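These are the residues of each chain, in order.
Protein chains: 4
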Amino acid sequence: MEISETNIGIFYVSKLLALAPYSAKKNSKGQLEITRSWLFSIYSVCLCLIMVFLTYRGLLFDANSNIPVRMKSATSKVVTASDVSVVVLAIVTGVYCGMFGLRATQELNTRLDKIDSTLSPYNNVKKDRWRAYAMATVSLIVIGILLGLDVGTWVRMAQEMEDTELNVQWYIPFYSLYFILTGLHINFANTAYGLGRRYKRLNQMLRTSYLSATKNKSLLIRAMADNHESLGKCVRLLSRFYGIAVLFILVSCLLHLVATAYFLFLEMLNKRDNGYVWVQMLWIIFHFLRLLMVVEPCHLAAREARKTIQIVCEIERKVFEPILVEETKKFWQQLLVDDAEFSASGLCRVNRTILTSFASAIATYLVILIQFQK
Amino acid sequence: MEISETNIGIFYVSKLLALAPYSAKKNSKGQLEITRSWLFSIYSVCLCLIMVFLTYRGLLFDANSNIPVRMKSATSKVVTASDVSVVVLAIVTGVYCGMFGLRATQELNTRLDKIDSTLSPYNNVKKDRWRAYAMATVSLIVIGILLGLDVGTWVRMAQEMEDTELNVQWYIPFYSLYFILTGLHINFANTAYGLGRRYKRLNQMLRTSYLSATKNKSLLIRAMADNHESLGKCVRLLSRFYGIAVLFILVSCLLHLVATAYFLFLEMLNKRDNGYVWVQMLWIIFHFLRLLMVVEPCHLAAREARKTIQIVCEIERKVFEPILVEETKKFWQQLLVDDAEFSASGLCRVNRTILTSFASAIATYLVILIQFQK
Amino acid sequence: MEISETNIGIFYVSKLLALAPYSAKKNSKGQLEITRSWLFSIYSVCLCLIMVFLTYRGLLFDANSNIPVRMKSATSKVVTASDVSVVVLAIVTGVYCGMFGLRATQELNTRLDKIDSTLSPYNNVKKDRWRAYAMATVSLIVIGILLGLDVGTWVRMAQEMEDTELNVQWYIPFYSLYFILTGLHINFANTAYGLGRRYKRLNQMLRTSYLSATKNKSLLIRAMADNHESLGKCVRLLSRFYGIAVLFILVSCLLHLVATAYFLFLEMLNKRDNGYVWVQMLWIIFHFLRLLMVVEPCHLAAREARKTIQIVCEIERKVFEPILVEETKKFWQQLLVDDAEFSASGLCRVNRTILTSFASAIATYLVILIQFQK
Amino acid sequence: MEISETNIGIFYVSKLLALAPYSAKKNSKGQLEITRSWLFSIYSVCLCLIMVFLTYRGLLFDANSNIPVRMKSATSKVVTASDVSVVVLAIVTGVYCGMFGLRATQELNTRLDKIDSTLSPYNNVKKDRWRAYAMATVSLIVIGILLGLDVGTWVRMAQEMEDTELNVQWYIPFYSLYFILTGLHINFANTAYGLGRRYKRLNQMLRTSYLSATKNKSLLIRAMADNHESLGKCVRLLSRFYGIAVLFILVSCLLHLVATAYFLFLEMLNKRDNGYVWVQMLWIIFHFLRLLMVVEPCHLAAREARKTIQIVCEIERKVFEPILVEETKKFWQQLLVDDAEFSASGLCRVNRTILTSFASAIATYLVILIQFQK
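Protein sequence lines correspond, in order, to chains C, D, B and A.
Counted the way PDB author numbering counts, the first sequence spans residues 1 to 161, 166 to 216, 263 to 424.
Counted the way PDB author numbering counts, the second sequence spans residues 1 to 161, 166 to 216, 263 to 424.
Counted the way PDB author numbering counts, the third sequence spans residues 1 to 161, 166 to 216, 263 to 424.
Counted the way PDB author numbering counts, the fourth sequence spans residues 1 to 161, 166 to 216, 263 to 424.
Mixed in with the good hints there might be a few duds.
Identical copies look the same in the list; a pair holds intra-copy or inter-copy alike.
[As the list claims (entries may be wrong)] Okay, derived cross-link-like pairs now, DMTMM-like style, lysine to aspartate or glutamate, Cα gap no bigger than 20 Å in a straight line:
| # | residue 1 | residue 2 |
| --- | --- | --- |
| 1 | 368 | 279 |
| 2 | 380 | 364 |
| 3 | 283 | 364 |
| 4 | 357 | 107 |
| 5 | 15 | 160 |
| 6 | 283 | 354 |
| 7 | 29 | 169 |
| 8 | 126 | 150 |
| 9 | 357 | 276 |
| 10 | 368 | 388 |
| 11 | 267 | 116 |
| 12 | 267 | 128 |
| 13 | 321 | 62 |
No wet-lab data here; the hints were simulated from the structure.
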């Protein structure tokens, strides 16, 4: 993942949420270096293990209690256990990916520094820092308000329907796991959006340099080809770093969307208190936004990477210089055999098409379920 | 979208249906220009908002009425609300796409003028105008008769089963929204069919120029390559202009097809009045024709664009001139890395394959639903 | 479709089954020519219309009879009507494709003659004639015995459970339509297998000419490239000729497989007479064999066409002659941008993958249906 | 399949499990040769036929017994018969593939020897032998303990719920068929992993030779291209050898996963003895491990084969030698048109994506089934 000064605070968040057991330090001549932090690695492992144990322990006491409010019937038990276990699995996979991703992180950061060295005019450090910090703050604030509203509505329903603080305490670890999941989403989205921005800047450089002395252009094209290859390598590195984590995040999004939609439709049919309906609608919106935060950056990066070949062809059709058109032909040959789609550890390609697939499931699972009640 | 004299009347229809908030005016030396029309933009926004509010208000009064004829039971309420809301969503998305699509429209029209300047022998202005006007008139006439028949059968059923004009008045806005949807279909089909026709004309020029003095052919091949690239850019521009609108139109087609088929099968099982059966069959035919009007032009354009590479290869195998065969090799290289499939904002590729997918859903959703009644 | 002497009898069968309204006649200097036969065209149209009317009339009298044996309950009526109508639709589509496919047939036959002129050593006229006639005879014999067994078991069940010859007479037209469908399958399989055989012969020529004086090889490679392009054009011509017919044939295969499997499982659960079980098993085998007869030739042709590029690359790596390696490079360039997959009028690609898709449906439709009985 | 000294013992296992009716013998000057073993071929055919007959006979006596413990109800009969028949089908297909795969085996082994002759520095004979023998021993030990545990829990349940040794004897042949299936998995995994290892070694050679006198490098690149083509041919040979067997193995994995998950959920709902729950969980883990053992090697080989083009491009961008860059261009041209994905006899491509598809089924089949109980 990306560790840059412009979004250094992001890294700190990832370090505080048991997802970045690393330490970043400038050396003498610039050059931030990322090394393993044994203290923070131990802290992250212990925190993840303790929190998973705590949430499962709370679930087990809720099931083995003389008055349950969320376990209750067998189907409710199964749904709640599946949801909690899916979140737990996503959290554990993210912590594991951050645990053994030191070498990939250093390689990606070195490649990103090398790439950003060339694209000096298009840096926009202030704008990128502002956007990244705004995204992180917005996501954290939204998840905080949503967790507060959920706990408030749950305590309200348990109070109207008397020994509820114990259940709330048992269920707090689930909410902290949701916080960690939000942090994981923030980290992955930041890295993928950085890759997409660098691809867009490369395309803009290629467009400006030729649509709007020959040796400067020759090594410019050479550096552009090198940067495109390095960006492809960075995409592959991010895939290796976060593939299984993103796969389990997508599984979590699908499961939560289906379960929340089914519960919302059932509650609307039963015509119960509207506050739970608003809470469920907010949860649906949050899950859809999570799915978008995962899918959109990968699709944007893949689309921006594939456009470079058209600009290269247009450049080729507007060159009367032989060594530089030879370099352009080499660039076109390199781009023809190239991929930049983020792969969830090979199981699927992460782009907007995933959304369609999810719909094709979310509808089907609903059609079997929604009308089975009646 | 396309704004040309040959189908200028089409644009007027799109302007009258709150879908084209633009003004087209010739300047001095030919050259139609498209500019933003503030009056018509405000009119379109106000009309869309007022009509959506009116149809939802009619639905809400129908639900909160002492005698409902379309809301009634909970499942009927859900089906009717989903259908109306889907049409509303498609209408709103189309109006939004036309609202903020000024720059794309001007770019597409300038590119189309540049392309059509080269293909002077193959213009067929009278034929294209006749076909476009016939398509628009046929679609409007069909939707008018269908809406009249639907309102007639609904008023007949409500009269035989007494205070019905109020419900008809409440439901008129739904029919006007259907009119706007038909206009949106007409506009998109016109643009996509124009792109397909231009691709076919380019292919015919390439076939005729070589299957049936060398510098004329050299710049002819250069202009053909430029026109093919510009047509690809126009396809991408149309995708950017109408992607989300086409996606929601496809969702509308699928939902309406499934709902109408289910209702028709249920009515046939109940063996009720046959007039409603004929009305439902007409609605099914109309929805299928809408789906075809969306899918067929995109598939035709994609197929016609992909054929150019075969003609280019055949030309390459029949050339003994070195600079022009070099140009032909450049054309082949450009065509090899090229796409022209219309994408519904990246979620799916719009071609005839979509039909198959729809069947794979329409059957499944029916199998779960049709036999669940018995 | 293919009209050659080696399988001329096949054409006669297609002429007798209202599928080939053409007349083939040698001219003076060899050169069979295919022309429109007005008498046979009128005969085919009248026979198809009369037979469709007869089968639907028999179905309608069976439904409106005081004792039905196949209509009976509403679900049985729906299943029988859907099956009969699907067969009718496939028959009508095949007759329509043969009705307006004169120009495609002549073009395909001329291209096939031109191709076969080059591949003189690999002709095997006796072997191809024997195989084609054996396939046609086997298919006709199998369908005859299956229809006889089905009518025998139906008359036996109606006799044990008395005025049955009337129902048998009403249902005979369905069996004649099955005969026409078998003829359509034979025709399509013959054409596709001929295309695949020609592709294989081209590949064998390419392998033998180089793995086992230079101008002979140069024009040999030129003729091989021309023949490959012509074979691709022939595949596209067959697609244009039989796309919608093959699509409806595949729909028929899927529907019949699902319905027969469901009926067989229901009968086995009810533990009724075993003779109907054997008849249903034979029908399942026949439907699977029909699906294979449609899918396998297209997949074989597509696989054999795609292999040529590997042989061309191997030839390129073993050539020290400059004009002929230039020709080989042109051949490789032509093969790189090329497709030969049979497309069912653009809706789907016909290959073995279709089988998988069918399973993914046949299982699902069964899971919803088989366990719904219990 | 692969017959090498490093894993010669593996072959012996495949010979003892009626899957490798061959005999491997060194000739005078090295060069192991594989010939048909008539004695072992007859033994394999007889053993497979006798074992299939024995397991079906045991099933039939269990069904026609005055006290059944696994047939019982109709749905239990159907599930057990389908599972046993699926295992039988996989076993028969594997034995048939090994029966008529002599020529493919010799061709693959000769090609593998030719390839391994070039990659002399990267041999790791001890490591490969250790890994292969460890994999075989681990798989056999796991299946042995699982079969023992299953028979123990079945005899325990039948004893607590008395004439059980007869049923255990009737069901032993099913367990021996499971042993044969495990052997088939071991053989296929060994061959595919060998292909993947050779691809990885080729990539490592290409990386080392250039990232870290010119004629040596020229014939080195030539030999690398030859080895890559031969590895592709070996992948195609393995596909031809084991396609239908792998397809039926995948069908077996899907069916067993779905059935075991459904039975486990039903048992957990019924809250019966936990020992059967642990046994079912172990069976689920084993089926998932089988599916991984089939899918992972093919995906790894396909991924390692596709990476060579990037290394070739990087080499091309770092060469100032004209004949060798010409050879590199030829290598790039060969790699551009090339595939190495294992195909299950054309029906599907075997990679990690299959897993996703399986989930998309396993969920759906469960959603229809799991909640239908309640």
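TODO: Find the hints from earlier in the document that the structure breaks and name them by number, from lowest to highest.
DONE: 5, 7, 8 and 12
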